[PDB]
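**Q** Residue strings, one per chain:
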Amino acid sequence: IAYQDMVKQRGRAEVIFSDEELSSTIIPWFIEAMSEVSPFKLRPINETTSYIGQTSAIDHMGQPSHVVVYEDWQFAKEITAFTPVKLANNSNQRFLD
Amino acid sequence: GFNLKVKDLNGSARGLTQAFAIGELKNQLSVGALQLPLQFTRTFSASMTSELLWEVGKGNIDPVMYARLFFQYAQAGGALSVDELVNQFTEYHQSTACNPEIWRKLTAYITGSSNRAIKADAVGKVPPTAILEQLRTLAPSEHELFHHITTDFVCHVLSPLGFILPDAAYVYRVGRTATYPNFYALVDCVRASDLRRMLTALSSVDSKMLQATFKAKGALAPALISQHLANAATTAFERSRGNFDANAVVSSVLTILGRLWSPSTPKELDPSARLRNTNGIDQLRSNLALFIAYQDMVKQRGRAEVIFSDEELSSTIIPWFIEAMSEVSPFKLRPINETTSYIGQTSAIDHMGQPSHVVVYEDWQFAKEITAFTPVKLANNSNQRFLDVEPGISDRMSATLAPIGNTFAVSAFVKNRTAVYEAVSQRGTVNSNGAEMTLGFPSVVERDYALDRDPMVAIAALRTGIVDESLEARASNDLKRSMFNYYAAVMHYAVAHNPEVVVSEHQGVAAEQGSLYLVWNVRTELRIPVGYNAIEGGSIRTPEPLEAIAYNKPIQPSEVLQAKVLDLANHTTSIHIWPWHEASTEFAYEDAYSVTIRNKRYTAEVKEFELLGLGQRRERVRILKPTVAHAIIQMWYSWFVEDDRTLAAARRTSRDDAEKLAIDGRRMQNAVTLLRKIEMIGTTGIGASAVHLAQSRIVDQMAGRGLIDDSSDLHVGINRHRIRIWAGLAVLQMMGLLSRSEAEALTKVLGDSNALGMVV
Numbered sequence: 001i002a003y004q005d006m007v008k009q010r011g012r013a014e015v016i017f018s019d020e021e022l023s024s025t026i027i028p029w030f031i032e033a034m035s036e037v038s039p040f041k042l043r044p045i046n047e048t049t050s051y052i053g054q055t056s057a058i059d060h061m062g063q064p065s066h067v068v069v070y071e072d073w074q075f076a077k078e079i080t081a082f083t084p085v086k087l088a089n090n091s092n093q094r095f096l097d
Numbered sequence: 001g002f003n004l005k006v007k008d009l010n011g012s013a014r015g016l017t018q019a020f021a022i023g024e025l026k027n028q029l030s031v032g033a034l035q036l037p038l039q040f041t042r043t044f045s046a047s048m049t050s051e052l053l054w055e056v057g058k059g060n061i062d063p064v065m066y067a068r069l070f071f072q073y074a075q076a077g078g079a080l081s082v083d084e085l086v087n088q089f090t091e092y093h094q095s096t097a098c099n100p101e102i103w104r105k106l107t108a109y110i111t112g113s114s115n116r117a118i119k120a121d122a123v124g125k126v127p128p129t130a131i132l133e134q135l136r137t138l139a140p141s142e143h144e145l146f147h148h149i150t151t152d153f154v155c156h157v158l159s160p161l162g163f164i165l166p167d168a169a170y171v172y173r174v175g176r177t178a179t180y181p182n183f184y185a186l187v188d189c190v191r192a193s194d195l196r197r198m199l200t201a202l203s204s205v206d207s208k209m210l211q212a213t214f215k216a217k218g219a220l221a222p223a224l225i226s227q228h229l230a231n232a233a234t235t236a237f238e239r240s241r242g243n244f245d246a247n248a249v250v251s252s253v254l255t256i257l258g259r260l261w262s263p264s265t266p267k268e269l270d271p272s273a274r275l276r277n278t279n280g281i282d283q284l285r286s287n288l289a290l291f292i293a294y295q296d297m298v299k300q301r302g303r304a305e306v307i308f309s310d311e312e313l314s315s316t317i318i319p320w321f322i323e324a325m326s327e328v329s330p331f332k333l334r335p336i337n338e339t340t341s342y343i344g345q346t347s348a349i350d351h352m353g354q355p356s357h358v359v360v361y362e363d364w365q366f367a368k369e370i371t372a373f374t375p376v377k378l379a380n381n382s383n384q385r386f387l388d389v390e391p392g393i394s395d396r397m398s399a400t401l402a403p404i405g406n407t408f409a410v411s412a413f414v415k416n417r418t419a420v421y422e423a424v425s426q427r428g429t430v431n432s433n434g435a436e437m438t439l440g441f442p443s444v445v446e447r448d449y450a451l452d453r454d455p456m457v458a459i460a461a462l463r464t465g466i467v468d469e470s471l472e473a474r475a476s477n478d479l480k481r482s483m484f485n486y487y488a489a490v491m492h493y494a495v496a497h498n499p500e501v502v503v504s505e506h507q508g509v510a511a512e513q514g515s516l517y518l519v520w521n522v523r524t525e526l527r528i529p530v531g532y533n534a535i536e537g538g539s540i541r542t543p544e545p546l547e548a549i550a551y552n553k554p555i556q557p558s559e560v561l562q563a564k565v566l567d568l569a570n571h572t573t574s575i576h577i578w579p580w581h582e583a584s585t586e587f588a589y590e591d592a593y594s595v596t597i598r599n600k601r602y603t604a605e606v607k608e609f610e611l612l613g614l615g616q617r618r619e620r621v622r623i624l625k626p627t628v629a630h631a632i633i634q635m636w637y638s639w640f641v642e643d644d645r646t647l648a649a650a651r652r653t654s655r656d657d658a659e660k661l662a663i664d665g666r667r668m669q670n671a672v673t674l675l676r677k678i679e680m681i682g683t684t685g686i687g688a689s690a691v692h693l694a695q696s697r698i699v700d701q702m703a704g705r706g707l708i709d710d711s712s713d714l715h716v717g718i719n720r721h722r723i724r725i726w727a728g729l730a731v732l733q734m735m736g737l738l739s740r741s742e743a744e745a746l747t748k749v750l751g752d753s754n755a756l757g758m759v760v
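So the sequence lines, in the order shown, correspond to chains A and B.
With the working numbering as the guide, the letters of the first sequence map in order to residues 1 to 97.
With the working numbering as the guide, the letters of the second sequence map in order to residues 1 to 760.
Chain A on its own, in the form it takes in the complex:
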């Protein structure tokens, strides 16, 4: 999907052409870059959609009249209410009681 996005905005893709050699040896580190640092960490595609449900309405035969896709979410538990306290002026440093 990232590819689709890029080519939509860029309209071309150009290469450093240091390959066939370079980026096969340097870099895989693109892999390392994506694996460790990022919030996006790699998952099996079966388990990425686990929270998604689907349900159909129906007619007599029948074809669906109404189909609803959802994410099962649980509400609550608490709503925290805090009062900020400044230790030193000019800074965002705070205790939150």
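If you are wondering where the hints come from, they were derived from the structure by calculation, not from laboratory data.
A virtual CB, placed ideally from N, CA and C, is assigned to each residue, including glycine.
Please note: incorrect hints may appear among the correct ones.
Taking beta-carbon pairs under 10 Å as the criterion, some of the chain A residues facing chain B (in silico) [stated by the list, open to error]: (1) 8; (2) 9; (3) 12; (4) 14; (5) 39; (6) 41.
Here the structure of chain A is known, so what remains is to put chain B in place on it, guided by the hints.
**A** Then chain B, alone, in the frame of chain A:
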């Protein structure tokens, strides 16, 4: 790209006439027949194509380096003249170095107290950067140079090595310089060697015994050395005396060189054979730069006077004029054969044939890279910065730079220039107003783009030979300085190919004295369309260097004269910096493509960061002005516009029905070459990025307002060619290559003639 009709110079280019230079603008022109000869072996020329980073040392107070930098500061951007730059330093140096209050203040600032004085074997080293931090508050000078030059004086006298930690890295940019020594530039050279002796006085055999006096027997009480250094720097100052007035030096040394060049050496005084024998005066009377400088001086001054310390003095004092010129100056002495090495010449022809079109050019190589940097301040109120060069912008533009170099190379320029001028059924002629001559000199134009001037205003002044008296001092002075660099460059090439020449006096207007001028001789073919001269015998005598150049034969240039990139990457990443700001530019660009589709107009806006395909935008980064590359393209531009201008008024003044069908020929013809060139650039890393952005935003605009189906028309022939030209003009603008003002006058040209072949 300065184009001229060789026949009438007074009409075509007044600025390039020698008669102009010696100050006769009257209908009378210099008389081809007069007296005494001469041969030029050498001249003074500066360096082309050099971008260098110069570290300023631990110590050591390099007395030449500083005096050189002074020139580079006064040159690469205007600050007065290097003369005024010097007596500003002397005033500074007096206000600082002779003042004991100030010496007390900084000796106290290092350690330990303003009052109490302690030998203090405990006290450790101190950073030079910290001494400069103080100096910015103590002696608030505009030119931060001054703070270093005094600084590493103290680090020179402060090095038992205890108190000074010799750790800092500081660098300066030595860039392109105007090539040839204007009269007042000479005065500036003498004035810089005044600085050479000034500094070599500071670092001394007696500043070094300061190490050896207090080396015994060890560390001593500080309160002393404040009064000692103050007298130490004064002795260095009081010893270097103004002595000889630098103007009076140059005035009188050139004046006598004027006396032994001239065929009129009057009754009263002609040079002594003793001073005639003085070493180097042989290469002095044979120096070309010194001659055009004479012309310069006597044009402005109108007389030449002597210090009259001669006959003796200037045989003994000075040769030192030589010393000033030898070492300090960027103008270092060269053989006149090797000075014109980058200049070629090529002629078009008719059947027989005489040259129809003659092009003089400088071989220049483009590219390689274009650097983009973001300045980072270490300390406020100072121009001290690290410059982090951030690539991927530099690489991206440099990628688009390679194809511009191919399509705009000077080689392609001279190729496409010769083949245009031909007319139906040959034969010539003196008709069309004769044999045109065009000469590009990016070396000269680069100066104007470097000094943030319109090259076209200097160019205009050449043709007319008159300047607007209203505009401010620095403005005209930058113009005239540039206007000289043209004439200077001309007579260097002109003489380099015909060294045997004759000097002759002028009648005079008063007549008082007179100006010495130059005449050439050259042998050639029978019939001359070219500007009036005999030619009488297959050889011809001429005063004007253009006529002289027109008669030479095609030339192969010896050297490539490749312009080089400055290296920010390796150095500046770890180091502090020079006067960078006026030499760079804020990096931001906006442009917009508009078009009409089915009686409705859509417009897309585009920004610089979108063009390099990134987000969002970084405003802090800047681009180093690629002044040289711009000057090369100018040569192209200056042709297109200026030819179209004269060709338009040519068609109006042409009554003949047969002549006009020829004029409109050259017009549409080279106009499409301008089209094909730009259209090519419209396809590039940027060019394609631009067209893509523009087209996409229009369709996004077309989905909303109605139906999309009209977008099929964007892919039709004319619109496709339209959008491409725009991208091409936009990319050139978004690099240092096209002023919005000049590209506008280009668009007008492409539209003045319809200049669109549909071509199926």
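**Q** Evaluate each hint against the coordinates.
**A** Hint check results:
1. Checking residue 8 of chain A against chain B by beta carbon gives a least distance of about 8 Å; that is within 10 Å, so the hint holds.
2. Checking residue 9 of chain A against chain B by beta carbon gives a least distance of about 8 Å; that is within 10 Å, so the hint holds.
3. The criterion of a C-beta within 10 Å of any C-beta in chain B is met by residue 12 of chain A, whose closest approach is roughly 6 Å, and the hint holds.
4. Given hint, residue 14 of chain A at the interface with chain B, holds; its Cβ is 7 Å from that chain's nearest Cβ, closer than 10 Å.
5. The restraint placing residue 39 of chain A at the interface with chain B is violated, with a minimum CB-CB distance near 19 Å, outside the 10 Å limit.
6. The beta carbon of residue 41 of chain A comes no nearer than 24 Å to any beta carbon in chain B, farther than 10 Å, and the hint placing it at the interface is violated.
When each numbered hint is compared with the structure, violations occur for hints 5 and 6.
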